[PDB]
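So you can see what is in the structure, the chains are spelled out below.
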Amino acid sequence: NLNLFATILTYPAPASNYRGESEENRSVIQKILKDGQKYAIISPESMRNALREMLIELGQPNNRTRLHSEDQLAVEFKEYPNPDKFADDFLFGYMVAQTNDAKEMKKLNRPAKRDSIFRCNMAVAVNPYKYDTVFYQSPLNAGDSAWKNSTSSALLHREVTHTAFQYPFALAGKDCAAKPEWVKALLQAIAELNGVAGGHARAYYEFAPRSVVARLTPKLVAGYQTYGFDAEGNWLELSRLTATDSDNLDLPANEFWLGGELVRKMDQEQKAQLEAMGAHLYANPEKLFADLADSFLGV
Amino acid sequence: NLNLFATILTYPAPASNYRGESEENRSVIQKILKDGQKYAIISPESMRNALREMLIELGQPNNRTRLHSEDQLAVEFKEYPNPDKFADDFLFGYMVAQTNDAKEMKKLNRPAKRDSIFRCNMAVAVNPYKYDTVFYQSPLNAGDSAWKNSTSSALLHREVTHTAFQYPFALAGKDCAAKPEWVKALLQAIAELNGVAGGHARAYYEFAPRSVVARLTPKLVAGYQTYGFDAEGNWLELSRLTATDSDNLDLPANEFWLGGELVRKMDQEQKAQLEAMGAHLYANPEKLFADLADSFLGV
Amino acid sequence: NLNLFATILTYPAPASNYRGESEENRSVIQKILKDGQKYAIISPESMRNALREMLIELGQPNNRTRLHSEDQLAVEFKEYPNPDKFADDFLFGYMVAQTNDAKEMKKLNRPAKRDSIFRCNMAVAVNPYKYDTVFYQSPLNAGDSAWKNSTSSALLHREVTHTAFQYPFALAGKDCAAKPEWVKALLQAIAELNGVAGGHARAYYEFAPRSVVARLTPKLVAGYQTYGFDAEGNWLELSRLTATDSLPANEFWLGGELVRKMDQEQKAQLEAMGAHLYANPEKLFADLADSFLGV
Amino acid sequence: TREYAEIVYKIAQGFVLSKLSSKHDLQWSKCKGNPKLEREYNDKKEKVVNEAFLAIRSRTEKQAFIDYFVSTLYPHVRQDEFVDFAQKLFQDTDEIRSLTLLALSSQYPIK
Amino acid sequence: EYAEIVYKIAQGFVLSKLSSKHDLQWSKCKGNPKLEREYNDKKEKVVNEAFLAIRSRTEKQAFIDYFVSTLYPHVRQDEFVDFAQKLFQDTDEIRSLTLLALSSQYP
Amino acid sequence: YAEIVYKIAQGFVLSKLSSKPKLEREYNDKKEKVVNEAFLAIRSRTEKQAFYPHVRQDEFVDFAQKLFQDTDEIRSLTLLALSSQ
Amino acid sequence: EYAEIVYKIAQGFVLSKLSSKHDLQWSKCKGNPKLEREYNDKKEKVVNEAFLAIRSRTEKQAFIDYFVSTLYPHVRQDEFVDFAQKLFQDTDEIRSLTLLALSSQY
DNA sequence: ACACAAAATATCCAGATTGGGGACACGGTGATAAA
DNA sequence: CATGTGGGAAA
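Protein chains in written order, with the deposited numbering: chain H, 3 to 301; chain G, 3 to 301; chain I, 3 to 248, 253 to 301; chain J, 8 to 118; chain K, 10 to 116; chain O, 11 to 30, 42 to 72, 81 to 114; chain N, 10 to 115.
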C-alpha cells in the first residue's frame, strides 16, 4: 500500500522515431540488445517531456516551458523552481546551480531535490529489427529564388518498423498531504500519453492503452516480474501457477496484482476461477486507474 | 468535441503505382511488413500532394505551386510563406530558414512551423504480395532519324497486385478563428481523393468510397481502435462486447460510435438495436463528412 | 553450523551506475577483465551503503546517516559509536581515531573496531560488454536568464547493456546473545535489496529475487563452488557432477528459483537427498536462517 | 554445398557446351587455323549464354526458378547423391540461384 | 525413403520399357561397340519420349492420371501409406523430382 | 484409409486367384499376370461403370463417401493393383 | 589473393561498361585533349553512380543481388571454389573491398 | 462361362533486341561543479 | 587460358 508498480505495452503499428544522424542520408534507429538481432528503443526523457506537456495540458502550474527561438535549444525558466511547486518541480526535476547565490537564497527551500517521485526505464521493441526502408523522398528547388533553400535537389532514405513495445515504471508512497492532487493527474496522464517522437506529421500512432499488470503491496519494492511479454501479448503462462494459491503455499497474494485488456481473451472458465482470489475485473485500463489510484492513495 | 479519429480504406482493384527503382528492369514496390509476407504501401507525402492539388481545385489561395520546367525537380515558391496564408501554409507545411535574412524578416511571423494540423500515416496492403509480373512492353526505335531517342529497342518488366489498402489519420480541434472556412475544404477533399499514384495512364486507381468509422471524443487524443480491418473488412467484431453494455456493466456509453458504408451488410437485427446507441445511419460516406464535420466544428 | 556462504543473481535489464569520466564527456562503465572481452562491475561499498539505507528503513538505531547538504560530500558524526549499538555498529563498521579522543574513550569499549561478520565481493556481468551506445542529452538555455546554467547546449553519448549480474557473500556464526534479532533483519534486507546505483531517474532495475543457493558448513571458509553461474542461467551442471556422488554430502546444497524448471524426476531423487524444497526465495531465508542459528 | 557448387558449375558449363554443339553443329576442336570460325563461335556462345542469363535473371521465385531449372537444364550423371543435393536444395534456393548465376555469367568470352 | 523411391521407380520403368522393346540384360552387349551405340540410341529415345510426355502436362489431375497409369512403381507393401496420405505436396514436388530423375539418365 | 483399399484389393485378387518346387512359384507368377486383364478393363472407366469388417454401417456412410470424391477413387484401383504386379 | 581479383573485377567492369556504352578506348582518348576530358568526366560519372548505388543496402540478400549486377566481371575459369563458399559465407569484407576498389577509380 | 491379344515410326521451335536522362541534404550546437 | 565415365529384386 506504499508502492506502485506497472509495465505497459501498446498496439501494433509502424514507428519512424528518427533519432540518429548519418552522412549516408538514412535516419538510423537506436539498437541496444544483443541476441543476434537489433531492437528499437525509446529514451525515458522523451516520455518525461510528454508527461510535462500533458501536465501543461490540464490545469497545472509549472516553472518549465518550451519556447521557439534561435537554433540553440532553449527552454524558458519562468520563476525560480521550488520544491513547493505545484506540478513539475515537486514531482520531478532538480534545481542544479553553479553559484547558488548567497546563503541558499536566504535559506529558501534547498538546492537538492532527491529525484523524480516516479522512476521509469527505457522501452524495448520486443520484435526483431529488419533492414527495410522507404524511398519516401524527393526534395525540390525554389523557382523564383525568393527565400530559396539549398541549391540542389538531392535524394535520401528513411526506414520504419512494424512493432509494438512496452516499458516499466514504479513509484513509492511517501507524501500524502499535497501529493494526492497531482498524483491523480499523473495517473490520468499515464492512462493516456501521446507523442514521444519527432515525426507526427508522418507515421502517427498512439500507444498508451494495451494492458496493465499493476501491483501495490507493502513489500518495499519487490519484483516477481521480468518486465517482458510475448509476441501474442500474454505473459500469464509462467505467472498462472503464481496467481493461484492465495491462501497458502507462501505464494503472491490475491489482491497483489490487477487486470487489464488481456482478460478479454476468449476463454472464461479459468477467468472465473481466478476471479475468486485476484482483482482481475477491469477491462478498460482508464477505469482501472481511476479505482486503483484511490486504493493506493489514502482515499 | 475537440478531437477526431478515423481510418479510411478502399475498393479492390489491380494497382501497380510503381515507386521504387532498379536497373533489373522491374519497377519494384515498397514493402515494410515482416510476418513472412510482403505488403505494399503508399507513403503519406503523396497523399499530402493530392490534398494540396484538391485544395487548388476548389477556390483556395496558395503560395506553393509545382512548375513544369528544367529537369531538376523544382517548385515555384512565390511569396514568403506566412502563417496567415488562407489554404496551404497555415493548414500544413513549414517555413525553412538558412540565413533567416536580417532581423527575422523585418520581425514578421515565425520561421518555426511546428504544427501540422493534418496528421497522416502510411497505408498497409492487408493482402500478401504475389511475385506475378506483366510482360507489357518493348521500347522501339525511330526510322526517319528525327529527334532520335535511345539507340536500341530494349525490353523490361513491371509487376502489379490486386489489392485494397487502408490508412489512418487524425487531427486536433483547437482553433476556430480561421479553421472553419478552410477545414470544411479539407473534409470535402478527404471524402474525395484523386491521384496518389505514379502514372494514371495505366492502372489508374481511385479509393474514394468505402466504409468509414470516425470517432470524436473529449479524451485528449485517445483511441481504443487498432487501425486495421479484416480481409473481408468487418473490423467491428471488437465493438460487439462494447455496444451491448452501453447502459450498464461499467463500459462505454451509447454515443460512442459512428457508421459508414459497411452498415449496408445483409443482416439488420443488431443494426436496429445499435441505432439506439450510435449514429449508424449514413449509407454514403460523402454524406457522413457533411454532418459530423459540423458537430466537430463550431457549427 | 558456524559459516554460511551464498551467491545471488537477478533478472536481465539494462545497465547503470557509472563511475568513470571522459575528456570528451561520454559517461563510461567500469571495465576489469583483459582477455578479449569486457565486463561491468560494482564496488561493494555501494551495496553496503544500500544495505545500511534499508537497515535504516526498518526500525533500527544508528550512529551514521547521510545528509543532503552543500556540494562537499559529508557524513554526520553524531555521537561516539559504541560496540553495543543496537543495529549498525555491532553488525559492522570500523572506526579509526587519530588522537584516540580522551584516554581511549575513557577506558571504555574497544578503540579500533573490526567489521568482520559481513563479507562481500565483486559483481560480474557474466555477459560480454558491447560497443552499443545512445546519444541522448540536449540541454536547455534560459530565456529569462534567471539562475542560468552553462551557456551552450551540447549532445553527448551514453551506453547501456542488457545484462544481469551476480555476486557472492558470506557470514560466520559467532555471536548469539544479541545477534539473532539483527541477523533476522539483515537476512530480510539482503533477501530484498534495491538501488546500489546513482541514476534511478533513468535505467531503473532491481536485483533482489532469482535462483539463490546457500551452504551452511563448518568448513572454515573453503568453497567447492567456482563462484560463477551460467550466462543462460542453467548453472546446474556443477550440481550434477556432485549431487549424484552423495565429495560433498547430502545436506550440502539448497534451492532457489531454478527449482521450478519443468523437469521433475531428478527433483524427487534429490528431495530425498537435499532439502531444496523451496520455490519462493523469500521463504528460503525465513527457515534456513533458523537452522544456521543456534535455535 | 561446395561439392554441389562444383556440380552446379560443371552442369552449367556442360549445358552451354552441349547446347552450342547440338544447335549449330560447332566444335571447338576445329579452333586451330580458322580464326573466322573463332568469331562465329564466340558470337554463338554470346547469344546462347546471354539468352540463358537473361532468362534465369528475369524472375526470382521458388516454383518458377525450380521448375525452369529442372526443365530447361539437363544435370550431369551421378549415382545417388542427387537425392541429398535435391533435398538440401528444396529448403533453401536463393543461394543456389546466386551460385548458378555466378556459374552461368562466368562463361562470357573475354573481350 | 521418399525421393529414393521416385528414383528407383523411374529407373525401373525405363529398364522395363527398354526390356520390352529390345532384349534385356545389358551385360550381353559385351564387346561389340555397335551394340552399345544402338542400345544407347534406344535408351535415349525412350527417355526423351518420356521426358516430353511428362513435361507438356504438369497440371494437377492430368499429371497424376498420366503418371500412375503409365509407370510401374515398386511394391512398398505397407510403407506406401505415408506416400499416399500427403499426396498434394507430394505431387507438387515430385513433378520436379520426376523431371530431374528422367533428365539424369542420358548417354 | 488407403490401407483399407490396399487390403480389399489384395484380398479380392487372392479370392479370384483361389476361385480357379519352381512349379508353384511360376504358377502364381503367371496367374497374377493373367488377372491384370480385368484391371485394364476397369481403368478404362471414366465416371460410370462397375458401381469387409461391416456391412450395415458402410452402406449408411461409405455410400456418401463414394459419390463425392469419385475422382479420387481412380488412383486407388490403378495404383494399388499395379503395385502387386 | 581475392582482394587483387576483386580490384581487377571492378577495373574490368568500369572499362568494359564504358567501352560498350560509348565506344571509346584509351588510345584515341590519348589522341586529343578534349577526348581525355570527355572520357574522364564520363568515367567519373559512371563510377560515382555505381558507388552511390552500392553504398546502401547493407545486408546479405540485398548486397548479393546488387552484386548480381555488373555481369560478374572477369570471373573467368572457376579454378577455385573457396571463393564461392567462404566468401559467400563471410559476406562482410567483400563489401568493404568492393567499396574501396570502386572509390579507387576516379 | 474356355482361350487369344492391349500397338508400331519419324519430329518437339526458327531470329532480332534486354532501358533512356537529371539529381543523392540544407543550419545550429559538443558540459557545468565540489573533493 | 578448358572436357570425362557403367550395373537387380520378393509371399
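Any given hint could turn out to be false.
[Unchecked claim] Below, simulated DSBU-like cross-link-like pairs (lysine-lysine); rule was C-alpha separation at most 30 Å, straight line:
{"id": "1", "chain 1": "H", "residue 1": "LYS150", "chain 2": "G", "residue 2": "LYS109"}
{"id": "2", "chain 1": "G", "residue 1": "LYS33", "chain 2": "H", "residue 2": "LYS132"}
{"id": "3", "chain 1": "H", "residue 1": "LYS80", "chain 2": "G", "residue 2": "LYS186"}
{"id": "4", "chain 1": "J", "residue 1": "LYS54", "chain 2": "K", "residue 2": "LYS54"}
{"id": "5", "chain 1": "G", "residue 1": "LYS87", "chain 2": "G", "residue 2": "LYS115"}
{"id": "6", "chain 1": "K", "residue 1": "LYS54", "chain 2": "J", "residue 2": "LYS17"}
{"id": "7", "chain 1": "J", "residue 1": "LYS95", "chain 2": "N", "residue 2": "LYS69"}
{"id": "8", "chain 1": "G", "residue 1": "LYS40", "chain 2": "J", "residue 2": "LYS17"}
{"id": "9", "chain 1": "G", "residue 1": "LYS186", "chain 2": "G", "residue 2": "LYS80"}
{"id": "10", "chain 1": "I", "residue 1": "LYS150", "chain 2": "H", "residue 2": "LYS33"}
{"id": "11", "chain 1": "N", "residue 1": "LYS69", "chain 2": "J", "residue 2": "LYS51"}
{"id": "12", "chain 1": "N", "residue 1": "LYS37", "chain 2": "J", "residue 2": "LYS118"}
{"id": "13", "chain 1": "H", "residue 1": "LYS289", "chain 2": "G", "residue 2": "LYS273"}
{"id": "14", "chain 1": "J", "residue 1": "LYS26", "chain 2": "K", "residue 2": "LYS26"}
{"id": "15", "chain 1": "N", "residue 1": "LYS43", "chain 2": "J", "residue 2": "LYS52"}
{"id": "16", "chain 1": "J", "residue 1": "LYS118", "chain 2": "N", "residue 2": "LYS26"}
{"id": "17", "chain 1": "N", "residue 1": "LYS69", "chain 2": "H", "residue 2": "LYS132"}
{"id": "18", "chain 1": "J", "residue 1": "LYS37", "chain 2": "J", "residue 2": "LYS51"}
{"id": "19", "chain 1": "K", "residue 1": "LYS54", "chain 2": "O", "residue 2": "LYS54"}
{"id": "20", "chain 1": "H", "residue 1": "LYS80", "chain 2": "H", "residue 2": "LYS108"}
{"id": "21", "chain 1": "O", "residue 1": "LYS54", "chain 2": "K", "residue 2": "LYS30"}
{"id": "22", "chain 1": "O", "residue 1": "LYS69", "chain 2": "K", "residue 2": "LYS52"}
{"id": "23", "chain 1": "J", "residue 1": "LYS54", "chain 2": "N", "residue 2": "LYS17"}
{"id": "24", "chain 1": "H", "residue 1": "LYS181", "chain 2": "I", "residue 2": "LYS150"}
{"id": "25", "chain 1": "K", "residue 1": "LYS17", "chain 2": "O", "residue 2": "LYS51"}
{"id": "26", "chain 1": "O", "residue 1": "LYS43", "chain 2": "K", "residue 2": "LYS51"}
{"id": "27", "chain 1": "K", "residue 1": "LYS95", "chain 2": "G", "residue 2": "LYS132"}
[Stated by the list, open to error] Computed, partial: chain J to chain N, Cβ under 7 Å:
{"id": "28", "residue": "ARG9"}
{"id": "29", "residue": "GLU13"}
{"id": "30", "residue": "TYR16"}
{"id": "31", "residue": "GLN70"}
{"id": "32", "residue": "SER105"}
{"id": "33", "residue": "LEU108"}
{"id": "34", "residue": "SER113"}
{"id": "35", "residue": "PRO116"}
[Said to hold, decoys possible] Listed next, with one range per pair, are the computed distances between beta-carbon atoms:
{"id": "36", "chain 1": "G", "residue 1": "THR228", "chain 2": "N", "residue 2": "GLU53", "range": "24 to 30 Å"}
{"id": "37", "chain 1": "G", "residue 1": "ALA144", "chain 2": "H", "residue 2": "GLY197", "range": "54 to 60 Å"}
{"id": "38", "chain 1": "H", "residue 1": "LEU240", "chain 2": "J", "residue 2": "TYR11", "range": "43 to 49 Å"}
{"id": "39", "chain 1": "G", "residue 1": "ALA144", "chain 2": "J", "residue 2": "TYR11", "range": "21 to 27 Å"}
{"id": "40", "chain 1": "J", "residue 1": "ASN57", "chain 2": "G", "residue 2": "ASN196", "range": "41 to 47 Å"}
Keep in mind that the hints were calculated from the coordinates and are not lab data. C-beta atoms are modelled at their ideal positions from N, C-alpha and C, and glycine is treated no differently.
Output the indices of the hints that this structure fails to meet, ascending. Those not satisfied are hints 3, 8, 10, 11, 15, 22, 26, 31, 35, 36 and 39.
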